[PDB]
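Take the given structure of chain W and dock chains G, U, L, S, R, P, V, E and C to it, following the hints.
10 protein chains.
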Amino acid sequence: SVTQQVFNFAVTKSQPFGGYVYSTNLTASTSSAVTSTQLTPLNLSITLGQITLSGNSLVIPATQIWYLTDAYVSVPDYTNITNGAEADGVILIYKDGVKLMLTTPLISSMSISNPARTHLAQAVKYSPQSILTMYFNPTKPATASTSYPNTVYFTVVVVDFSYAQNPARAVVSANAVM
Amino acid sequence: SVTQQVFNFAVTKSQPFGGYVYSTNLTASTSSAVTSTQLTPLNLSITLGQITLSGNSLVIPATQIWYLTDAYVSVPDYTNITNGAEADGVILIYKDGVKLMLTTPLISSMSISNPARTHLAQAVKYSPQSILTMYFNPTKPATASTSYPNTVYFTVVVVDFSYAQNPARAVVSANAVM
Amino acid sequence: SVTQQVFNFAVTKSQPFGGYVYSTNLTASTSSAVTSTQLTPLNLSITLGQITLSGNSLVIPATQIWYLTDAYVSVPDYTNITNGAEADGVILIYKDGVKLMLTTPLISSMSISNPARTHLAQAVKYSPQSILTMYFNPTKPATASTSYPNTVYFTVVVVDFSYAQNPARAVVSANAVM
Amino acid sequence: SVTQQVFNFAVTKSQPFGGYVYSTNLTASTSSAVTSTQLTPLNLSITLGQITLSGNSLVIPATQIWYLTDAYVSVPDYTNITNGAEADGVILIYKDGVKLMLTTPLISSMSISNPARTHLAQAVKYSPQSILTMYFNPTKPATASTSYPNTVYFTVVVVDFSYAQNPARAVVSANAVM
Amino acid sequence: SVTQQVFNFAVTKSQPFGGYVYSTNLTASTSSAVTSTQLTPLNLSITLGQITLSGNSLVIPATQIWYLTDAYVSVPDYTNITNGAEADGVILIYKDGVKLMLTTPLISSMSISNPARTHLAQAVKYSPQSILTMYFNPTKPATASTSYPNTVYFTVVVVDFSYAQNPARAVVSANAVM
Amino acid sequence: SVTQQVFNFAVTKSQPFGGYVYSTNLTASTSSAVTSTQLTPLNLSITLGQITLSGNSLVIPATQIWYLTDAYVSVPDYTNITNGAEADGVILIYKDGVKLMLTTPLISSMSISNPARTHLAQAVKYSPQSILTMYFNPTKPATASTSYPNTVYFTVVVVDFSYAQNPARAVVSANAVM
Amino acid sequence: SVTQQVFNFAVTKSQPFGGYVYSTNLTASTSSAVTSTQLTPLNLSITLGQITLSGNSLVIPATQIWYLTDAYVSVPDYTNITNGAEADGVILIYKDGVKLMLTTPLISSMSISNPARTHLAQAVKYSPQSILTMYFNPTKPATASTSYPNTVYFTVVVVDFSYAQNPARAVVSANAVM
Amino acid sequence: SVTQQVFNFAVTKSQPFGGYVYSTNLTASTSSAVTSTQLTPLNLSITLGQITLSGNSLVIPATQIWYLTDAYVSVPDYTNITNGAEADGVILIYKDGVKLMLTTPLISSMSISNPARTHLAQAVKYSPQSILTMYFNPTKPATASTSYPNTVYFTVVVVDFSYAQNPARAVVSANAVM
Amino acid sequence: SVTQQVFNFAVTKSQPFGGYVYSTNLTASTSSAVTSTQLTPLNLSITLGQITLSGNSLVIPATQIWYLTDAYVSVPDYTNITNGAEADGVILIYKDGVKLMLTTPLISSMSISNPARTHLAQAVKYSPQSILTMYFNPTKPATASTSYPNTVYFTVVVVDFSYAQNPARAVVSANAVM
Amino acid sequence: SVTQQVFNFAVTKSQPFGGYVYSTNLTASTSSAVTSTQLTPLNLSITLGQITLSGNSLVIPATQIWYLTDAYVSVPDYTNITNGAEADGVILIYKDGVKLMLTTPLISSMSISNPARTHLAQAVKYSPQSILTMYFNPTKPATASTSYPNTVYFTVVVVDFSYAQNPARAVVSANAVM
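Residue numbers (full-length UniProt numbering), protein chains in the order written: chain W, 4 to 181; chain G, 4 to 181; chain U, 4 to 181; chain L, 4 to 181; chain S, 4 to 181; chain R, 4 to 181; chain P, 4 to 181; chain V, 4 to 181; chain E, 4 to 181; chain C, 4 to 181.
To be clear, the hints were calculated from the coordinates, so they are not data collected in a lab.
All clues stand as given, with none of them false.
Taking beta-carbon pairs under 10 Å as the criterion, some of the chain P residues facing chain V (in silico):
1. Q41
2. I84
3. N86
4. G87
5. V101
6. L103
7. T106
8. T107
9. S112
10. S114
11. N117
For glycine and all other residues, C-beta sits at the position ideal for the given N, C-alpha and C.
This is chain W alone, in the form it adopts within the complex:
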């Protein structure tokens, strides 16, 4: 009931200005078998129109207000972490490339097969256009042969404004009142 509170906060504020609140799934994936030092995962979001906003350092579109709210790791990735087939570590979340926002507590320990997995500390918002970039700082890297790249899922509440009566300036008038 952590994402259900920012969702319910969004739909009562985006209603008098027009606003299409819906939830998506964002997948950050560090490419090709991290073994030494700080690397860069490829952010990859899925909006409505089957459009894959991929590549490093996503810019939020000019009419959307995002909220990064949750994270979890699948079972076949967690079975690769403890067996030494992919690296453990944390994930650093940067806003505008400069300002640090959060740090994920040890992606092996927010796996989904454990009944008391750890959480994030806050729901990180992102205004109209800003540069979301993430970095994966590894500890205890990959040791076994035929190792695998990392994958960490997120969950974004997306507040769209493209279908308002004038989708140019309501998206920052509603950015202030939020």
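Frame of chain W, contents of chains G, U, L, S, R, P, V, E and C only:
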């Protein structure tokens, strides 16, 4: 008890117009071992009078209001996802065949045995007559031999006005307030 | 479970003075296989400064206000505890070398694999320069041959003030109101 | 939440007289593999300064107030109990060596891993100088070979007054109010 | 002392609105051995949080104001220009894809090994998002075998508004004062 | 004459509070033939008394205000740079570990034998206690055998208040004014 | 040297309430050849009638007020300290477990054959029932073979109240004025 | 008795604000057999809660006031100095790393056995948070084989305000008075 | 460059009191090939008396007011620096044996052959009798065999007062006004 | 406790005018094996700036007030005087080269190896500018071969005034009241 916030809201508003409020369970089953790409699951609700609306794209009757409130996965299915005996992925939830409203976070995550299980994002009101349709976009599909089809359960609160004095002007007066 | 409330407490208090609120990860580790008596865990914090504060007895920098919030234990540490490969016990938390303000409840009982994973009582403040130091009081020490050192990951809420007008005047005014 | 009400009550009440409230852990250890009849467990409290007040019949010092709030049994101890590697039974909690106040319900049942763990009945206040002592009444003793001593953990809220002023007036005034 | 003239202008004009001014080294490099005609150097600016804005025709992020101030040529380039290992020529500097504002005076004469290096004509400011592209118009191109690409270093002053209490409309409000 | 305005400002402003202004040299030595990646230079400052404040991360004393004004490179070091006996690159200047304030423009370019030597962009003020640290990012690193360490000299304007009166009130009043 | 001032202070204040003042010898001895880290000495007091309170953490009787005044070290210890047969260091003196009240100045410098035999600073008053415990902090520990335990004798001024008209109401009225 | 004039000064001034006064022993130990030139000893204080503030450059916490009162040398060190087994010299005592306050007169002279031992020159008040560091400038260094490191003991009176009602407002009102 | 202004300042100010103004030559030379650490240069001043003032620590005579203005390094020294025949570094200028007021900027860069020969920032005053003394701080010291000592020539403006009515009362009246 | 009185007398009088009281160490060394007649020792004070103020007949600078308060002779010197390896005798202490102020009693008898060594008679002050010079008048000179020079350490309290607001008549105002 996010259903019980919706349940106690439906008994409170649909009572002066006369209205039968009860909860039932909807079954969306992607058939025959999804292994490649986007498919479409068969919705199957259980309404009151011994009838079962099967098939895709459930049409809401003109005297009823539905509410999709929660979702989970059975424990023998969560055994089969992590074993590679059936496919993982997300579920897209549409309204009137067009409007995307939800994306369930990676159905391996919402197994009912975990107390730290990520739920649905928000309770979706489904109006009088309006098409409910779902799709299943697979990621990490089924790999092992003797695979099984997928099943994802839902909890639906159904409000009914077919036993009032006038079923027409009871619905159109309660759909605006509630 | 308290780490979401003191994060929201530092945001609405540091905004008139101006300053970050973010989170990081702190690792405490008693070296080399405790089997007899009270040993010293090596604190190790990383900040946005990209400088690792290692060894015992961390000193909080002059523009930051730390908040010690939660703690967890990974699964292969918890498999070591039940097999006697490492020691159980509690962790004591000191301030300024004199005061003792907490006790972590039995580091096996806060493992990530217990469905009743227990948390801390209240968040511990740390003003500009003060001394964070910890001690491990082992009950039921390690019995098996080829033991392993302990590791308990903490969670800090860090309230930076480095980007104000003058952080020497700002950080001692927000230290009073928080 | 029975320790938290006691903790907030002790922080609110013992503040204006000057009072240092914290929480520690108490260990009751029935040594040497009890197999026949009623024994006496060795108490051991770990206070500030690694003093480790050990042995039977802990005399509360003349400036502190103790609050025996909750009790549990660690998970390897529960594994040893249900395999018959250590004895089961109840724990009798006495004040001044004559007056009985509590009997803990069957220490196998209060393992910390269960969410349905039976708690202690009430938070027992121990005033300045007074003799806490406990006894262990065993039912179904240890039958398997390589038996282990019993260990039961308690949680104490220590309210110290030595640092404030003349501690005599502070202790008698706080003991009058709270 | 022309870089320090607009740097001091930046820190006194973006200070009442809140603005974090700093300097940054920029790189523009014509790839793979220009030999006949007009080419295009690949820009590369590294803002502080290790995001690398690369490729031709950079876009300015939405909260920053840039000032392109200095340019020079390193000594391993200048030994290669006069020996016919790479091309001479000029560099044209555009903004918004329409405006020409500068031409660098014959980059071999902008080398740093000469005690009378010639400078640019004016410090070119750069608004929030506006395309910054450069072109290499060579005279006397590369002659000898084993030719090398060109490299021309710049020096840009970056004003940053990431830490204010207003979104990217205070940035253009401070672009109206500068 | 960028150091002289800082000197006249420190003489004029710090005189009524009692203030001893002088100028000194700081040496940054990146040791042991940097050839691959980003390294850390050994700082070494010589204030009054032959204290030789050495090592990384010089903390400013709690009674002084520093002013990093200019930087240069000695002429045999420039000879070693242009022949590939030591690495070229930039130096990033940090305050309190997080705040990047300057990047020195390509230390080969700031040889002291050139009258057209590029300077720093601004004289950076360091308040009372704060962590001054630098980093060396090499571009076109050292290639020839028998390589040499890098050395970059800075000019510091030290404004001392320790010998005047009670130095705390004086240094905070001065840091408020100038 | 401070014993003669508090003995005259004891016999003056304790006579209006009934007062029975004498002195005795306390023996503190860390067992078994301290060589690495902080040890716990075994206290042993000698009261009147073959009442030899022993073990760690002595508890004061309910009718007496102790005063810990001086200490000394015999010659067969001091010839073992200088030859490396036992450890040097200081002794820490606690009260109620929490307060640290003194530090004995370097037990090899309190020997009975030093012509400048150092004494304690002020005598520490000990109330009715209150845990007196000590701790030994070794610097330059034992290095030679066939090492020996430590023994440091003290001097206690005991103010007994057993022969007053009421031995309970007399002490807590004289403990307030002494 | 220069400490007893300071100890009775600290308990008189810090009493209306509420403040813990006690004495400890600080150890300055130059590591590993100084034989050539100026070195730096490792300061090592022993505060209340069993901590050992080791390492160079002791930082005073924001609630404490320190007083450096005397200095001496243990008798097995004085035997090693005069036989040429460790080095002689003086000791410099700095405040905030810059301001020299004392120079101890030739540490071979201040042996604790001589009644005509030259003491420290003055009792130095060390203000709240402020660096303490020492250096050892040797004359007649260590010559004999199997040499040993140095150790010079100090006596520190610690005034502590961490147990007052407001530890911020207590120190800054008592640092001015005391 | 300042040596013509302080000459013209000294002439127009001493004429109400009557006095010589003339310029001399000061030679500071470290003995015997500095290769490791901080050495002492031997000052050697010549005056109108045909009198050398040799050795360290020149004392200004009782009726003169000196002014240390500029410095330079001859070409046969500057060819020795680049070939590693003597040490680089800076020269510190002390007054009264306590105060530091200048640091000469890198004696290679004030050579007579550098086209940007740098000067001293401001002139150093010296009253009636005070102790001028200097120290040489070597960075990048001499490595080559058959090394050479350093020699750095200065320029002193001498204000003699021996031709007034009384040279003792005149020089203490002009020392205040100049 | 003789130097601690003149140190306290200085800081009570140097406080209202400004002033930096600190303790030093003076080393007088009659060079190269005095065997016949009256010699002159090389005085050598070590001030704050690590200034080796060498040479015969030190001059007190115009802003300092010294106090010669102590003398002692080390243990390796005293074993050479009795062995006939260097000369015994007294040291004459002259003011301005004219006045005789004191005479030390037989420098072999102010050794530090003896528990009740002799002292000086009075603490000799020194005003602004005056010539402190010493002479060594030997009785019983060195007799055996391989002789050594003499060395006698002193202890100077130096009252400095160079950092006052006007160090020209503050030192002549405080010279009167002292």
